[PDB]
Amino acid sequence: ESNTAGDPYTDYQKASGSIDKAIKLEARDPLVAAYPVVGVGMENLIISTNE
Amino acid sequence: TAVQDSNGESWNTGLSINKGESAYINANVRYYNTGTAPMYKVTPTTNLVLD
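Protein sequence lines correspond, in order, to chains A and B. The numbers in the first sequence follow PDB author numbering, run straight up by one, and end at 312. The numbers in the second sequence follow PDB author numbering, run straight up by one, and end at 414.
Chain B with its partners taken away, still in its complex shape:
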């Protein structure tokens, strides 16, 4: 006749990533005007070049 008593304890940590959308970019920008006329509703189109 035997009687066992047990007491466990565990702690896990994980870290996942998606290799297609693994980060987000945020660019702080500012517009400049060096002409003779003002421009209303300024809508620039920019490139983001890396290497």
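Bound conformation, chain A alone:
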């Protein structure tokens, strides 16, 4: 396999660091995938009664 972890970067790109420099140094290992885990949280909620 050229992409062992299943992510958009190949084994050589991950192992040589030849990728985005904002990617954690964990993901420079061909076995750990480069993978974002994004969530959303609500701070408050405003109601505009249109009478």
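No wet-lab data here; the hints were simulated from the structure. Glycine included, every Cβ here is placed at the ideal spot set by N, Cα and C. You may find that some hints are simply not true.
[Said to hold, decoys possible] Derived CB-CB ranges, DEER-like:
id, chain 1, residue 1, chain 2, residue 2, range
1, B, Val405, A, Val298, 28 to 38 Å
2, A, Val299, B, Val405, 21 to 31 Å
3, B, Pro401, A, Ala283, 21 to 31 Å
4, B, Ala400, A, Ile307, 37 to 47 Å
5, A, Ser263, B, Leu411, 40 to 50 Å
6, B, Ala400, A, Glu312, 33 to 43 Å
[Unchecked claim] To give a feel for the contact side, a few chain B residues facing chain A, derived at Cβ under 10 Å:
id, residue
7, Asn381
8, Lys382
9, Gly383
10, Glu384
Since chain A is already given, all that's left is putting chain B on it; use the hints.
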């Protein structure tokens, strides 16, 4: 036998409002650049925070 003559006169005033869109905001803004490079097609995203 009676005959009546009448003459009225009135004047009304009203004031309505919608409590969901009861005003409009207009913010005068200005962009600043304190870097080493120019930026073309500057597109800022701003918050409008109140209380």
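Here's how the hints hold up against the structure:
1. B/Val405 to A/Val298: 28 to 38 Å: 31 Å, holds
2. A/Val299 to B/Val405: 21 to 31 Å: 26 Å, holds
3. B/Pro401 to A/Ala283: 21 to 31 Å: The hinted range 21 to 31 Å holds for B/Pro401 and A/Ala283, with Cβ atoms some 23 Å apart.
4. B/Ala400 to A/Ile307: 37 to 47 Å: 39 Å, holds
5. A/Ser263 to B/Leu411: 40 to 50 Å: Taking Cβ atoms as reference, A/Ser263 and B/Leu411 lie about 48 Å apart, which means the hint holds.
6. B/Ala400 to A/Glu312: 33 to 43 Å: 51 Å, violated
7. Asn381: Hint holds; B/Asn381 Cβ to chain A Cβ min 6 Å, cut 10 Å.
8. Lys382: 5 Å, holds
9. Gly383: Hint holds; B/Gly383 Cβ to chain A Cβ min 3 Å, cut 10 Å.
10. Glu384: Nearest chain A Cβ about 7 Å off; hint holds.
When each numbered hint is compared with the structure, a violation occurs for hint 6 only.
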